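Asker: Chains G, H, B and Y with the ligands: place on chain A using the hints.
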Amino acid sequence: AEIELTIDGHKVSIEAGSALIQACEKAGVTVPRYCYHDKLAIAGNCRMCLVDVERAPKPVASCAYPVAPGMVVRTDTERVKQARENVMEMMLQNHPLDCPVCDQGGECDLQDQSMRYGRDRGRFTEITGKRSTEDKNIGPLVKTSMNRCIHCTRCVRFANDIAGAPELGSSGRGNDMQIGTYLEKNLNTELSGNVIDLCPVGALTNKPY
Amino acid sequence: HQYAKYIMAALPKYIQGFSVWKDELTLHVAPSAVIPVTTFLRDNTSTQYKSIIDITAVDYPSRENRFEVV
Amino acid sequence: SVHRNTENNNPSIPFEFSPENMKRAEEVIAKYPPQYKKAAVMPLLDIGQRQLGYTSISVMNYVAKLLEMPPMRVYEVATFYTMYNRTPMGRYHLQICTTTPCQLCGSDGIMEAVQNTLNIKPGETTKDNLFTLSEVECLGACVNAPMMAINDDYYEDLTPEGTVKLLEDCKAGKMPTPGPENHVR
Amino acid sequence: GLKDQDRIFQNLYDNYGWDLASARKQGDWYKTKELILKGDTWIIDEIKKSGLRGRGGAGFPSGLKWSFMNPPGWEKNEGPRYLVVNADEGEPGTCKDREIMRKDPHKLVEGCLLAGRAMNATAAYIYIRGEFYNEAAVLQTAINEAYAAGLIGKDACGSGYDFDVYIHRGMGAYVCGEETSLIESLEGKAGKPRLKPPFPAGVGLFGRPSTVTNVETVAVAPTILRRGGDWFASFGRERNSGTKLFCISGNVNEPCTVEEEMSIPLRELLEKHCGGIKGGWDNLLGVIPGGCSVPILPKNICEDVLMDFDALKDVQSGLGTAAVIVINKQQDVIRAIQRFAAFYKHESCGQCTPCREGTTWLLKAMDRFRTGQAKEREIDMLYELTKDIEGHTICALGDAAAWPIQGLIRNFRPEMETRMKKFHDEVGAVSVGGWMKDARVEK
Amino acid sequence: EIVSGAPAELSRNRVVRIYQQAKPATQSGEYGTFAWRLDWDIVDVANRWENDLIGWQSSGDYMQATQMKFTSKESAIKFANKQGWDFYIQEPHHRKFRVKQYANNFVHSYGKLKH
Ligand SMILES: Cc1cc2nc3c(=O)[nH]c(=O)nc-3n(C[C@H](O)[C@H](O)[C@H](O)COP(=O)(O)O)c2cc1C
Ligand code: SF4
Ligand code: SF4
Ligand code: SF4
Ligand code: FES
Ligand code: FES
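Residue numbers (PDB author numbering), protein chains in the order written: chain A, 35 to 243; chain G, 72 to 141; chain H, 31 to 215; chain B, 33 to 475; chain Y, 43 to 157.
Excised from the complex, chain A in its bound form:
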């Protein structure tokens, strides 16, 4: 019911079959994450919590690679860091420029954990356009700008698993994933307004605030 694993000298015993992020956070090692959450089910979507594990060719996603007994785990291999910069670049070069007027100024968790893991030249030209995203109405209680949604899918898992109003489904492929509904119907559920403290970017936000 306990297992030692070694994350970078920090040996730590946690419960069997658990989450590797839970081992990292028990070991006091800060691991950047966007689509992990505590009280939601794990999705592998955000692809940020990559960590190097012995006897594995690729840096696996620490949100979902289960605890194997006696692992050697590195968060500081240059493959890890100079892949995290890679993944953050490939999360940001389709994000809009709303940073002064996006609501989560000092709380865009993307923006907060960008500088210490990121890369300056998001490569573009005046020829290149990113993509646009249709704003959608979820209710007069929640202001919504879906241009900023980095598809963390924390909202969907929250509306399904904890809320029980499954009306915020995902849609589309490629660039064209939109979250919400394309029936354009308003969510009117209880504890809906938790989601604006939950989408880590300011795509969902508070309407009277």
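Hints in this document: simulated from the structure, not taken from any laboratory. C-beta: ideal position from N, C-alpha, C; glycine also. Hints may be right or wrong, so weigh each one.
[As the list claims (entries may be wrong)] Simulated coverage check for chain A against chain B, where a stretch passes if three residues somewhere in it have a Cβ under 8 Å from a Cβ of chain B: (1) 69-83; (2) 87-99; (3) 122-129; (4) 161-168.
Answerer: Positioned in the frame of chain A, the structure of chains G, H, B and Y with the ligands alone reads:
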């Protein structure tokens, strides 16, 4: 480092642990005995300093002793 | 640009299915375990598609009610699949493969021949509503790469001459054809 | 012992075998009682001696995956276990159903039966691509033939297994050609994969553990359990084995399809069986071997390499589909790879954050490389951003998108620079008044 | 105890707060977990009124915005009794272990299904 090891071995009663950082040096001294330390180390042959540039203080109100004096 | 658009343009939840379709649907559902029962949703949407072309929000809501599902999961299924055509579509959906072997044997000129025949931009439909264009990617059948498919089936090895003859014929006269010759060698 | 024209006493025969009865004349449904009533462990040992390598794209030894479906805890009441047939083929190049599913399904039915005997599978699902509505009815009636004649279903040639065959339609998603997105499609959800380390052999595939097999690696199963393990091990390499199917297309002399020896010269393959190159051997510019997702061999190191897996893996090319596309020298490789970029744009699912923005950025770059708007350093910038997607996805679709451009920087760049020579002032002086100005990419 | 260098009558009058800074729920990231905070309350009549000319908020608390950043709660409280004013400590609240099989995507006979 080696200079700090010399100062450590030369006056082991009155000194505490040295601390080296990025081309400068900081000697930790027990506070009841500073005057015999600074009769030395200002005024040794091998340590001919003779010129002081700052005495001041820093609080960190964390610990039970409160004001380190630098 | 696979879009996820509104539901205003006279598709506002008013439709159903028909008589043999429900029996055939029960036959389909019987291929799946009784509890944990959703997996007939994609062929049931095909049955709705062949019943009512341009599968609207209404038949999707009817399926979601029918298979005990919350609706957004059904929308989340039918948001993927390019089979599930949403906008009203003509009698013969014309799917030109423009993938790499089809490119390298001249389907580019085939699309040129079609747009010369039917002056339609390749994401639109004819004003006659006889044909609806769609460039499509590889249907696997790289056998005779200038092929296309039309609404059910594949027409191998098309010259632009054979293509415009097919566009003349499929106005009225059906062409149950793999290709002009028989075999694959 | 060189490799040959595969010696017509072979596995499959499309021409005179589409029948219940003519399949039995071919040698199908011929020793089925002995096979089912022999142990599944015997099937494990025979297919492991066979050295059968998985034709899906992994190149995986099939006996290891099939034994990997069998743990010791299997005999505990963990629920009805079954099997999934990846009958979708969605890569460019693979015509490996029109030969197989359209023209020889009665191999495939008892192939599923023998494989499910090896799994102790309660039933089996066959996941056809629902684009093949022509083929789907043909296969479904062919299954219903043996299903109504008692050959399959609850007494399948005197079987102690009740075993059912259900057909299911793949609705226009190459991503559903990946196994785990296939499982989530068979859960009736969206075609979005799951993350790997809960392995599909025990996680619950549609709730209970299963496996996913290629249609061609299960089509050979009853023939290779009626023949010996040394029959398939007689060919190819010491580790690669047997015959595999080739779909040869692109700008060639005669576009065609065969089923031939592994480890053959590609030049003999083109010249002896498909006419040759349209323009001859001195008129190719590159060859796309195997998958759509494989780097391109150049004209000199396509001459004498092999047509295996492992040696071509040493020439950076994992021929996981064995579908060869050959190009004239008078055509644009740039347009081909740009079309693959648009292909992955239509076929990226959406779960992976890097895959979507990756494929979009790659498409935006390859349009510049067609039109010649780039700068000389942007080639290596493109290579770096392809390396960004090289190992950082859930499923290997992103890696599959990363292979052709990594093949583009390899063996090439006279022609990137030659197209980029065709004007000056890259990233040109424009204004963007209400839309952009002075140039544009595709719309 | 007499205060040596505290000219106010803070030491008899106000309630101060020792608290672990809460884990923010909006961002993920936990740097506020690793401090200890001293904060004077606003239980006041002064308590930040409204100005009438421009309309700032001119306070009357001479020590409205002030935070120590300590290391340990007992070092915090030994300081708090050493300089000697009335405190109240507040215990933090952790997040409890819950085993997360990423494979939680499997059922028996059961009505409800999820994404
Ligand atoms: C993105 C991706 C797409 C794939 N598409 C197909 C396909 O369309 N047809 C196929 O037979 N295998 C496809 N495969 C390979 C499957 O995983 C295949 O079922 C697997 O290799 C089974 O191994 P096998 O050949 O031993 O059966 C794909 C794999 C990946 C990663
Ligand atoms: S979420 Fe908003 S505030 Fe944060 S980086 Fe993105 S645009 Fe800026
Ligand atoms: S709604 Fe918000 S939390 Fe959910 S995926 Fe979109 S941006 Fe993320
Ligand atoms: S590689 Fe990732 S984004 Fe692409 S289809 Fe697979 S899971 Fe989706
Ligand atoms: S949550 Fe761990 S990678 Fe997305
Ligand atoms: S080549 Fe386009 S369909 Fe196979």
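Asker: Now tell me if each hint is right for this structure.
Answerer: Each hint, compared with the structure:
1. Counting residues of the region 69-83 of chain A whose beta carbon lies closer than 8 Å to any beta carbon of chain B gives 6, which meets the minimum of three for the stated coverage.
2. With a threshold of 8 Å between beta carbons, the proposed coverage of the region 87-99 of chain A by chain B holds, since 7 of its residues qualify and at least three are required.
3. Counting residues of the region 122-129 of chain A whose C-beta lies closer than 8 Å to any C-beta of chain B gives 5; at least three are required, and the coverage claim holds.
4. Beta-carbon proximity to chain B at under 8 Å applies to 4 residues in the region 161-168 of chain A; the threshold of 3 is reached and the given coverage holds.
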